[PDB]
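*Asks:* Residues per chain are reported as follows:
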Amino acid sequence: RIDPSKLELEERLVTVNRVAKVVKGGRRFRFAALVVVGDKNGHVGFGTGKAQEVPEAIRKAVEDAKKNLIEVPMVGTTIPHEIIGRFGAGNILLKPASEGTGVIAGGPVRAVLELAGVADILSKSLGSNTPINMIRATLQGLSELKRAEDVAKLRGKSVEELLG
Amino acid sequence: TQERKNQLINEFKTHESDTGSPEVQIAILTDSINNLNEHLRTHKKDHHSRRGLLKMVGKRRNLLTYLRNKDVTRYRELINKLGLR
Amino acid sequence: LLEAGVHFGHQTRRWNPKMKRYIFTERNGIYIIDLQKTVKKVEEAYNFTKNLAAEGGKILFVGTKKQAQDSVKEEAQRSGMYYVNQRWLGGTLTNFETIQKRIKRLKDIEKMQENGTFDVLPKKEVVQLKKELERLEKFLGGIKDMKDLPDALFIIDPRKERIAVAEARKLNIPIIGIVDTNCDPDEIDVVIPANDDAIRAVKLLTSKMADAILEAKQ
Amino acid sequence: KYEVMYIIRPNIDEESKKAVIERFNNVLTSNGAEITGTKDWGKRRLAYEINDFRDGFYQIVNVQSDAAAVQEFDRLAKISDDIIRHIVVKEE
Amino acid sequence: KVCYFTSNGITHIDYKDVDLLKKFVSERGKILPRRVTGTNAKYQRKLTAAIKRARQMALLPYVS
Amino acid sequence: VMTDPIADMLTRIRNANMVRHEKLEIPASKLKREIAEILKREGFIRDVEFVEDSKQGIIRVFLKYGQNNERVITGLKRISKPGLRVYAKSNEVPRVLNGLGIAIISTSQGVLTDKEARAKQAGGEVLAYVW
RNA sequence: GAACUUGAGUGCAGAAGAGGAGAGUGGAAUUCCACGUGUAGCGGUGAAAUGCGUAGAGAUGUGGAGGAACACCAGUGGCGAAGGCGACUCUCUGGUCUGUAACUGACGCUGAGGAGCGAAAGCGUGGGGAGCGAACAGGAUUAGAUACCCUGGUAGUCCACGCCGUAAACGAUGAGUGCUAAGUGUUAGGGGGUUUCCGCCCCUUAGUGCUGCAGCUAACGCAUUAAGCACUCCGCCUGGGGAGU
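Which chain is which? The protein sequence lines are F, D, Z, H, P and R, in order.
Quick note: the first sequence uses full-length UniProt numbering, first residue 3, plus one each step.
Quick note: the second sequence uses full-length UniProt numbering, first residue 4, plus one each step.
Quick note: the third sequence uses full-length UniProt numbering, first residue 9, plus one each step.
Quick note: the fourth sequence uses full-length UniProt numbering, first residue 3, plus one each step.
Quick note: the fifth sequence uses full-length UniProt numbering, first residue 14, plus one each step.
Quick note: the sixth sequence uses full-length UniProt numbering, first residue 2, plus one each step.
Hint data in this document are derived by calculation from the structure and do not stem from the laboratory.
It is possible that some hints are incorrect.
Stated by the list, open to error - Below, computed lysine-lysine pairings styled on BS3-like, alpha-carbon distance capped at 27 Å:
#	chain 1	residue 1	chain 2	residue 2
1	R	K90	R	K31
2	F	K97	R	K31
3	Z	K28	R	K24
4	Z	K28	F	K42
5	H	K20	P	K29
6	D	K73	R	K56
7	D	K8	H	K20
8	R	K65	Z	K28
9	R	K24	F	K159
10	P	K35	H	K45
11	H	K92	D	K48
12	F	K148	R	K78
13	Z	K45	R	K24
14	Z	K109	F	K8
15	Z	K178	F	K8
16	H	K92	P	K14
17	R	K116	F	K159
18	H	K45	P	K36
19	P	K59	H	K92
20	P	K65	H	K41
21	P	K65	H	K92
What the hints assert, rightly or not - Computed list of chain R residues with no C-beta within reach of chain F, every gap over 12 Å:
#	residue
22	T4
23	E71
24	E93
25	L101
To be verified - Here are the in silico distance ranges between beta carbons for each label pair:
#	chain 1	residue 1	chain 2	residue 2	range
26	F	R149	R	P95	49 to 59 Å
27	Z	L97	P	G51	21 to 31 Å
28	R	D48	F	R149	18 to 28 Å
29	R	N69	D	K73	53 to 63 Å
30	Z	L97	F	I4	19 to 29 Å
31	D	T17	H	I62	20 to 30 Å
Beta carbons are placed, not taken as given, at the ideal position from N, Cα and C, and that holds for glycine.
Working from the sequences, and respecting the hints, build out all of it.
*Replies:* Following this line, the structure appears as structure tokens:
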């Protein structure tokens with residue numbers, strides 16, 4: 003459902019781009035920041051914000067990031083299963099890893115998976131390296147994840163009839 | 004028309020109901036290729052009928068390979084009847 | 009069960025395959041709704057709208073057609089809740105605070121013309137007060153005394169008003185609604201199949217739902 | 003099956019017109035092309051002038067042939083000066 | 014519009030019907046199009062074939 | 002033509018998922034019947050039924066949408082294509098989404114599932130991933 | 001190895017089509033030719049001029065010659081593998097679609113290499129030459145004008161055969177098959193519910209347009225005529241230039 007934003011959030015940012023618009027006078031600039039926000043207990047989100055300044059852009063990005071939140075399954079403090087997220091010529095696979103590895107990921111993917119609270123991810127980007135589409139690709143891959151309990155309830159089944 | 008095809012059916016019937024049965028079908032193809040080839044000797048500048056003739060030759064050759072792989076003696080007796088060699 | 013109604017229901021050739029579970033087909037070319045799939049759904053709508061007006065979110069009644077005007081207006085002024093009788097201003101719900109500002113401005117200026125000082129200039133009352141009161145009253149309706157976010161939303165036509173339904177579905181407000189055969193039942197949370205331009209059917213349905221919420225406040 | 007419709011020029015006497023029709027029927031009997039029906043519309047006003055003339059005689063001959071004396075009719079009607087028109091239509 | 018030949022049930026238009034073809038031919042001598050005479054596609058094709066053959070036997074005019 | 006019918010039944014199930022259709026007719030060879038029996042016994046399907054007829058027969062599938070609108074089957078895949086067949090040994094049998102999905106693998110003793118072939122410790126054609 | 005009939009094809013029955021090749025015929029008009037009318041212009045341009053014209057032009061009537069394309073039909077209409085194919089008729093001939101049930105019973109698809117077709121220009125040989133028209137000439141515009149404009153006009157365009165074998169040869173989208181909402185014209189069928197009909201509605205094919213859902217896509221858009229979801233086969237790409245050298 004829509005996640006009510008009343009939690010404790012850490013709100014660190016990925017990029018601020020400087021972003022121009024040409025008028026009769028000349029170039030008029032803005033700063034388009036995208037910021038990933040979420041607690042490390044299974045709730046992640048990100049948001050874009052545009053302003054003439056950097057900090058008000060980060061304000062609008064943190065507000066829009068608190069608006070759009072996602073949930074992530076933490077089966078054994080990892081992800082449950084390997085998945086490829088495919089938002090628009092950004093494709094990122096996510097493997098579960100063993101318990102000691104740490105989040106092996108590049109910058110915005112690393113920011114999503116560290117601010118997710120998921121600790122042990124093998125991952126790889128198989129596409130373009132814009133931050134926006136890589137974060138969108140990760141959340142495409144994290145929206146389609148599945149809990150073993152819910153899929154066992156989906157199959158008219160039990161967890162141990164799937165998990166073993 | 005319509006005595007020639009019917010005579011070729013009634014000549015190459017192996018059962019009464021045979022209008023399929025690739026000997027009937029190959030025989031209609033042979034005499035239509037022969038009429039077409041005499042047509043091409045009349046009309047050398049016709050190319051779409053040549054494409055149709057090539058389609059007929061491909062159909063008839065593939066039906067011949069099907070008879071060769073299905074029944075050897077029937078294939079040899081058909082060849083010896085039609086002279087298609 | 010035809011309780012009171014008249015609605016076979018609407019459209020010709022421009023129609024939606026997402027209502028295949030609900031409709032029939034007449035030789036007229038105008039579609040007839042299966043009323044067996046209407047009675048049970050309006051019964052569950054009746055129950056759920058009783059539950060929502062039992063809990064305490066007020067109700068929005070929104071109708072933005074010439075048919076819908078007097079029906080939605082008189083019915084919500086019968087039930088006391090918050091209506092929209094004219095255009096739906098873009099962003100009343102998702103853009104809530106700047107609409108609260110403009111409705112507080114309307115409240116100030118309609119208090120000023122009967123309690124406050126009425127003698128400022130010869131025509132600042134005309135050019136400000138009257139001209140400004142007209143538009144704001146006509147469009148801000150009975151959502152004037154709203155004070156709070158609503159719980160649900162009762163519309164009259166989703167195809168006519170895709171903007172309000174869209175940002176309603178965004179803000180996760182559950183919505184009750186009458187749809188048409190060209191409309192999308194996937195978008196409405198609570199689907200009622202009936203006629204959206206026969207005035208007696210829309211007056212009947214707003215009557216039933218206002219009676220449903222009227223049996224609820226006790 | 004063929005409809006063989008031709009126009010005799012008007013300035014022609016009646017026995018000479020019989021000699022024209024007997025001639026071209028003698029031409030049709032070079033095949034075996036049986037004459038299953040005859041028709042003379044007579045002197046009709048042509049829609050446009052042919053040589054100098056407004057009018058001409060029409061002849062309809064229904065034939066069931068082997069497509070040879072039709073072609074002999076074609077060559078004999080391109081030559082004979084006592085003919086204004088001819089068409090042969092495959093009656094289907 | 015409405016087709017003529019579907020109404021009277023008549024098939025191959027039979028070039029000899031000079032008065033009917035004279036109805037379909039326009040005032041100057043041209044063939045009227047399908048949105049004027051109201052026929053089918055098939056019947057307009059056979060009509061124009063009919064008019065051209067009847068022109069070559071002077072049953073129909075070219076220019077008037 | 003048609004070049005393999007198993008991949009075509011898997012896309013037919015996938016298109017019925019994406020449209021959210023509720024029933025499917027599939028032209029029902031014997032391996033298709035055994036696949037649908039596996040997908041029945043693994044709870045991907047409500048129930049599967051056979052219509053034995055003259056042409057080739059029909060198998061009908063009743064797609065399972067357990068909650069609000071929830072496709073239990075998200076995606077299907079065919080591994081051994083007719084033009085690259087794939088065969089796995091028993092110490093290479095893939096367990097998919099590690100436990101949460103499955104692979105239909107037809108070994109020498111019956112068209113098996115993942116756990117069935119693992120407990121029988123044999124391998125054969127590897128002919129579907131089912132997620 | 002044996003069966004089956006859906007895929008494929010034959011059989012029967014219609015239907016439509018500028019599908020092709022050979023031959024014949026027609027009516028405007030353009031040009032040219034001769035005669036009558038008759039006199040000073042005609043033609044052309046943004047403006048003019050070269051040209052044509054009293055040796056009688058342009059206009060006009062009749063007649064004749066010759067070539068090429070076939071107005072109206074004509075339509076996001078049809079057919080073809082593509083190039084492409086628009087008058088008509090006959091001769092031969094290729095394919096499609098529809099209704100099935102008569103037959104065969106997997107006989108099918110793709111296809112490197114090979115064989116053929118292959119717009120237009122071009123080449124060889126012989127004809128042909130009305131219009132147009134590269135090249136070329138004169139006049140203009142212009143700083144220049146090997147150009148655009150105008151007046152002329154060669155090869156060529158045409159036909160027969162032989163060669164070339166190339167195009168933005170385009171749907172800038174290989175072929176096959178299956179699945180995956182709709183609405184709506186249209187092309188050719190078929191069938192139903194009243195009417196023998198007229199006609200309306202409904203249903204189903206195969207082809208052809210537009211708008212459009214899921215899905216795809218970088219976006220534009222495609223969307224059952226896919227650029228979706230799949231399988232088979234082939235061709236092709238791996239930075240731009242150098243270089244298609």
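*Asks:* Each hint should be assessed against the structure and marked as holding or not.
*Replies:* Structure-based check of all given hints:
1. Restraint check: the Cα-Cα separation between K90/R and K31/R comes to about 24 Å, which is no more than 27 Å; the hinted pair holds.
2. Distance hint between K97/F and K31/R is unfulfilled; the C-alpha atoms sit about 36 Å from each other, more than 27 Å.
3. Taken as a hint, the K28/Z and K24/R pair is honoured in the structure, with Cα atoms around 16 Å apart against an allowance of 27 Å.
4. A C-alpha spacing of about 46 Å is found between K28/Z and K42/F, which places the hinted pair above 27 Å, so the restraint is violated.
5. Between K20/H and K29/P, the direct Cα distance comes to roughly 23 Å. Compliance with the 27 Å bound is thereby established for this hinted pair.
6. For the given pair, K73/D sits about 24 Å from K56/R by alpha-carbon distance, which is consistent with the 27 Å threshold.
7. Using a Cα cut-off of 27 Å, the hinted pair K8/D and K20/H is violated, with the two alpha carbons roughly 44 Å apart.
8. The hinted pair formed by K65/R and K28/Z meets the criterion: a straight-line CA distance of about 20 Å does not exceed 27 Å.
9. Between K24/R and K159/F the alpha-carbon distance is near 22 Å, which keeps this suggested pair within the 27 Å criterion.
10. The hinted pair formed by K35/P and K45/H meets the criterion: a straight-line CA distance of about 19 Å does not exceed 27 Å.
11. Among the hinted pairs, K92/H with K48/D is consistent with the structure: their alpha-carbon atoms are about 25 Å apart, no more than 27 Å.
12. Using a Cα cut-off of 27 Å, the hinted pair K148/F and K78/R holds, with the two alpha carbons roughly 18 Å apart.
13. Straight-line distance between C-alpha atoms of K45/Z and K24/R comes to about 22 Å, which keeps the hinted pair within the 27 Å bound.
14. Of the pairs offered as hints, the one joining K109/Z and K8/F holds, with about 25 Å between alpha carbons and a cut-off of 27 Å not exceeded.
15. Among the hinted pairs, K178/Z with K8/F is consistent with the structure: their alpha-carbon atoms are about 19 Å apart, no more than 27 Å.
16. Taking the CA atoms of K92/H and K14/P, the gap is about 32 Å. The hint is violated against a cut of 27 Å.
17. Between the alpha carbons of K116/R and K159/F the distance comes to roughly 15 Å, so the proposed pair stays at or under 27 Å and holds.
18. Our distance criterion of 27 Å between C-alpha atoms is met by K45/H and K36/P, whose separation comes to about 22 Å.
19. Between the alpha carbons of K59/P and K92/H the distance comes to roughly 15 Å, so the proposed pair stays at or under 27 Å and holds.
20. In summary, the hint linking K65/P to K41/H is supported, as the alpha carbons are separated by about 22 Å, within the 27 Å threshold.
21. In summary, the hint linking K65/P to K92/H is supported, as the alpha carbons are separated by about 16 Å, within the 27 Å threshold.
22. Every C-beta of chain F lies more than 12 Å from that of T4/R, the closest at about 27 Å, which supports listing it as non-interface.
23. At roughly 7 Å, the least C-beta separation between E71/R and chain F is not larger than 12 Å, which violates its mark as non-interface.
24. No Cβ of chain F comes within 12 Å of the Cβ of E93/R; the nearest lies about 17 Å off, and the non-interface call holds.
25. Once the 12 Å rule is applied to beta carbons, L101/R is inconsistent with being away from chain F; the minimum gap is 6 Å.
26. Range check, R149/F to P95/R: Cβ separation about 22 Å, and the 49 to 59 Å hint is violated.
27. For the pair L97/Z and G51/P, the supplied restraint of 21 to 31 Å is violated, since their beta-carbon distance comes to about 53 Å.
28. The beta-carbon spacing between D48/R and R149/F, approximately 26 Å, falls within the hinted interval of 18 to 28 Å.
29. Between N69/R and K73/D, the C-beta spacing of about 58 Å keeps the proposed range 53 to 63 Å intact.
30. At roughly 23 Å, the beta carbons of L97/Z and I4/F sit within the given window of 19 to 29 Å.
31. Checking the proposed 20 to 30 Å range against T17/D and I62/H shows it is violated: the Cβ atoms sit about 50 Å from each other.
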